[PDB]
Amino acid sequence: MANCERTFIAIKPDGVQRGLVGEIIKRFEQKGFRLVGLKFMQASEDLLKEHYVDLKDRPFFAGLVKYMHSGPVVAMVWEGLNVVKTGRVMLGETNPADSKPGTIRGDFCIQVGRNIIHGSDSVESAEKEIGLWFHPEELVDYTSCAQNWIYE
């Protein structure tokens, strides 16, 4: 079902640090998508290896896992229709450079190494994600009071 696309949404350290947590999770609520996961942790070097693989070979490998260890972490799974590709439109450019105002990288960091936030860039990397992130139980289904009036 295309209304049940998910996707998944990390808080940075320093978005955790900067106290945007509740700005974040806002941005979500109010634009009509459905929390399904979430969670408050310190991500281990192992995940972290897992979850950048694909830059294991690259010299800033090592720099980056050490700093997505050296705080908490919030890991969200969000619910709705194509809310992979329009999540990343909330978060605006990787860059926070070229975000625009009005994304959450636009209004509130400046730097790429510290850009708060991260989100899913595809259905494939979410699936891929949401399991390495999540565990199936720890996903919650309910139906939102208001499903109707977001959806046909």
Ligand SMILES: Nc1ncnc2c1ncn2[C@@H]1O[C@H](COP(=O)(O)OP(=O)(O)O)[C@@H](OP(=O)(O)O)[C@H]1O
The other form holds:
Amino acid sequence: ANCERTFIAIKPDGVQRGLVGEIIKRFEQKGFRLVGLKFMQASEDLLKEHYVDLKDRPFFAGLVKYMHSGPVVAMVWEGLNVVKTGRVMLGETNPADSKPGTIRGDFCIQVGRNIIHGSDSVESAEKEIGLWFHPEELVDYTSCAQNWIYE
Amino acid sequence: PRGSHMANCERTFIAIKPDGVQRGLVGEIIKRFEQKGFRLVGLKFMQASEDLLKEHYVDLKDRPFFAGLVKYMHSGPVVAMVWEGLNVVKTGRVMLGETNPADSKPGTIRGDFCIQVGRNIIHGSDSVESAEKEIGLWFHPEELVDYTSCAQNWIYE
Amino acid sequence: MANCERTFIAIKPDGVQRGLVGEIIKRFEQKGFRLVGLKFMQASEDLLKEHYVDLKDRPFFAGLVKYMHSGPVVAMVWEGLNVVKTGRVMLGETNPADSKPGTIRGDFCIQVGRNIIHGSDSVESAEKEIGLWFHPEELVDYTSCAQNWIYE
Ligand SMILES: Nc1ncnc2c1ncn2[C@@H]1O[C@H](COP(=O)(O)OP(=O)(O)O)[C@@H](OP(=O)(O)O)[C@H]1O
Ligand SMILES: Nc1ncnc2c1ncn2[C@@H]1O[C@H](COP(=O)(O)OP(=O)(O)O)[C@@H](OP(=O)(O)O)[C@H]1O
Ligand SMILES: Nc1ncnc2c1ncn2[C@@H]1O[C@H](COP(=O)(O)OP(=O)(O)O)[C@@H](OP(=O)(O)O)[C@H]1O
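Now show the form solved in complex with the named molecule, given that the preceding structure was the form deposited without the named molecule.
The complete assembly is shown below, putting the previous chain first.
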């Protein structure tokens, strides 16, 4: 419910093109609560486990190499239906189909340079959060606006 | 008729709810209507009485959320507004996004700024008939200001 | 290559009058499209009649030409993968009544006849429009510093 969490990663192209603050602002202004935030170079072992559902796809090795080629911003956000709603805010996975107003619709063009990843399901979010963050890196606090965001 | 000056003079009632005020979204919301080309006619900051809210939401008096909605709308100040323009009722609703924020698209006010249906930041008239009733209920005629936008000939044919 | 497709975008006199030039350009730059041509001009009625030749028999044609000649326009050429189709998506529906929030027309204008901008509808129309509005020498070629982060 209101405490659902999702994993969002800003990809190396999102960092290189100076979109970190823009992306974070979209989640903050929506009313989602920041739980975790890290900046790192993800190892190929970590990326292969993150993208384990894609291990049989032809683009898998290139996606892992690319995701390891620069730093990423790993994040955890909390809120009601944050997994599904986070995916709507990102826009379609393929930027060609993403609508203006979405992060990919506004800021990127091609699927291998799509700036961001968001968990596709509550099950995938729980696995991704556990893989990228130690439990002690996730911060719990109450937003001063909680009563104005949720009944 | 299409292209008539009178069609450009349609008005709608928009209220920024207590959560929109609390979360500092008043300026953001007003900027969206101004940049679109809609003309501001009325604007006031007020605490709406429960009697005014019960009449505003009279069609919902039998819904289970009615009492909570009236209490919530009375719990803080609201920004009441009247905007004018071609199809401003329907287009204002499109700009707000779906009533339930879960279904509102990015780019819309609710799509960008809020999450749950009971805390949806804003109300807009659902039809020209509801707009006429709502404008009359929230504003005295002397609070509605008429003027001509300097960009009128660049917004309308 | 497919990443070198080009489209023609014109900001109409109402877009210039209402101070939307920078906002429109920012939308194309932030998307990752490359600016190729940019010129500010009063389009002649002869140029506009050729640009809108397919509408010469429509009842609104004379008013459209007069309107497009009534003030300056910003003529532009942008480059990128599927920039024609994607540029149209970014502009929003031709009729602003049907354009969604988040698009240029959805955010900034209301009526057809004052719809702030034009974008090529097809690669064939883009080639014709670019040739009509720009001399080849006005089109600038350079490589974006972010090319490898926009395209694989
Ligand atoms: N050709 C490709 N090159 C690189 N990554 C790709 C390619 N096709 C798909 N993907 C990635 O493969 C993942 C799955 O995308 P799909 O389109 O197959 O499914 P999805 O729309 O349900 O996410 C996406 O990763 P992301 O969530 O980190 O964006 C997508 O970007
Ligand atoms: N659970 C709820 N709690 C509070 N208000 C609600 C709830 N469900 C619906 N409403 C409100 O009830 C009003 C009518 O919304 P509906 O979606 O029911 O519309 P409808 O009656 O045509 O279906 C909306 O008010 P607004 O225009 O000021 O936003 C909507 O927000
Ligand atoms: N009543 C009208 N007055 C002025 N221009 C019009 C009118 N109806 C259509 N047009 C213009 O006629 C052109 C063709 O619009 P259509 O709706 O017929 O087709 P489109 O949606 O497939 O592009 C558009 O020009 P633009 O690309 O420069 O915007 C459109 O604006």
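Positions refer to the first chain, counted from 1. Basically, rigid core = biggest C-alpha set you can superpose within 1.5 Å across the two forms.
S.K.: Report the residue, chosen from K66, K56, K26, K100, for which the CA moves 2 Å or more between these two forms after the rigid core is overlaid.
M.R.: Meeting the 2 Å or more criterion is only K56.
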